[PDB]
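Q: Please take these sequences and the hints and turn them into a complete structure.
One-letter residues, chain by chain:
Protein chains: 2
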Amino acid sequence: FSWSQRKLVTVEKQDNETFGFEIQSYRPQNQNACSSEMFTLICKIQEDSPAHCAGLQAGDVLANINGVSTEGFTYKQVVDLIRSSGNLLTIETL
Amino acid sequence: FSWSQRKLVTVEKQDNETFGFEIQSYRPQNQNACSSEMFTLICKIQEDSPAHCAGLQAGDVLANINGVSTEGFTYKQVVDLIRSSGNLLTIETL
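Line order of the protein sequences matches chains A and A'. A prime marks a further copy of an entry chain.
Each number in PDB author numbering comes from the position in the first sequence (counting from 1) with 10 added on.
Each number in PDB author numbering comes from the position in the second sequence (counting from 1) with 10 added on.
Hints may contain errors.
As the list makes no split between identical chains, a pair holds if one copy fits it or if it spans any two.
[Said to hold, decoys possible] Below, a list of computed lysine-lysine pairs in the DSS-like style, where the Cα atoms sit at most 30 Å apart:
# : residue 1 : residue 2
1 : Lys17     : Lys86
2 : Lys23     : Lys86
3 : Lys23     : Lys54
4 : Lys54     : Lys17
To be clear, the hints were calculated from the coordinates, so they are not data collected in a lab.
A: Structure representation (structure tokens):
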């Protein structure tokens, strides 16, 4: 893997806006020397949006949300958890 | 997407060794604001190997091989094409 600036960021936002990013679950179609299973990535970042301001970048890999390890997570769990966070969000990426 | 140093690299190797990298096809389980379908990434790079020397990095996204656009490519096509290249390989990544 050895890539993407490991960051620990915390984003806050206005009650009726989005944090400003888009995620994407990706499944590996290939057993081999690496490793299989689910992984979610930020795919789009709104310029000026809070996620941008927090220092988040498209390509960042979501490993921890609000102290919650995200592996094995389906896209919807990741989304449900993020909505479970109101206007506050803490993220440890990759 | 906006990420990963767009590079145009060309790797050569010894007849009985590997270029030194590992790929991985990833499928998106999520229709939304971004974009669906196949995409292959280098997942592992052997230290000192030719791919390393060429300047290839794990995370690099294979878009063109020997002048061949790779989208819609199944993991095996990417592998078959790479083997179709003998000890020479040209790669435009992302």
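Q: Quick one: which hint numbers does this structure break? Sort them smallest to largest.
A: No numbers; nothing is violated.
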